[PDB]
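Read off the chains here:
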Amino acid sequence: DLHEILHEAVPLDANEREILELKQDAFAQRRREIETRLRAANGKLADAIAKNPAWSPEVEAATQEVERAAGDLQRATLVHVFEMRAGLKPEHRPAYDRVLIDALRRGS
Amino acid sequence: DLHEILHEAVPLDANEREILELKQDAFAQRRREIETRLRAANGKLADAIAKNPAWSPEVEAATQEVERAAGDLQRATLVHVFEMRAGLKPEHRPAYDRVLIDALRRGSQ
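Line by line, the protein sequences are chains C and B.
In case it helps, the deposited numbering puts the first sequence at residues 40 to 147.
In case it helps, the deposited numbering puts the second sequence at residues 40 to 148.
Derived from the structure by calculation, the hints contain no laboratory data.
Ideal placement from N, C-alpha and C gives every residue a C-beta, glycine not left out.
Just to be clear, a hint being listed does not mean it is correct.
Stated by the list, open to error - Residues from chain C shown here face chain B by an in silico Cβ test under 10 Å; the list is partial:
no., residue
1, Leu51
2, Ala53
3, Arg78
4, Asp86
5, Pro92
6, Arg107
7, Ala108
8, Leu112
9, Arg124
10, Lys128
11, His131
12, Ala134
13, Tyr135
14, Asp136
Start from the sequences, fold in the hints, and give me the full structure.
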């Protein structure tokens, strides 16, 4: 929701929107891919538990997939935050940073 | 939400409830531990960014802590679902299993 917060508080201006469209789309795609992996792992968990409701090799491996996808989402979001920042007009970065920093410290 | 979904989704006799409450406490302490680490990590991110808005060694290190904490919370949740199941009498486990499989299946769509 970091990117949602940022869009809510400091939306891109017209030129920034046009310039950053590809990178925003690419991130949306990357996020979708990670979430697809997380959902597939939920599916594996369901299948496994239906066959044996225990902490089996299949449950362990699917749980590892969930953990990795959970971590990847966080890194992808953060890298994108810096990517978007690089594409802002310099004058717009201080507000963007403020919102970002406050969002992180809210999570502190 | 997996825990919310399973939360009170099956009936519990008094002895099962007693045990589930103890396991709920254990999970709360585990969750607080992971969240404490997550909060500290985010604060380190915030400090680094306010000082230098770039991907520094500090941001890299704190990000890795966020990653681990995010993965830890997911594993802790799944582990806890199995711990709750173990608190049920054997005869009551199938009903729990059905809600669990159903939730995970909906979770894959």
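Go through the numbered hints given earlier and state which of them the structure violates, listing their numbers in rising order.
Of the numbered hints given earlier, those the structure breaks are 1, 2, 10, 11, 12, listed in rising order.
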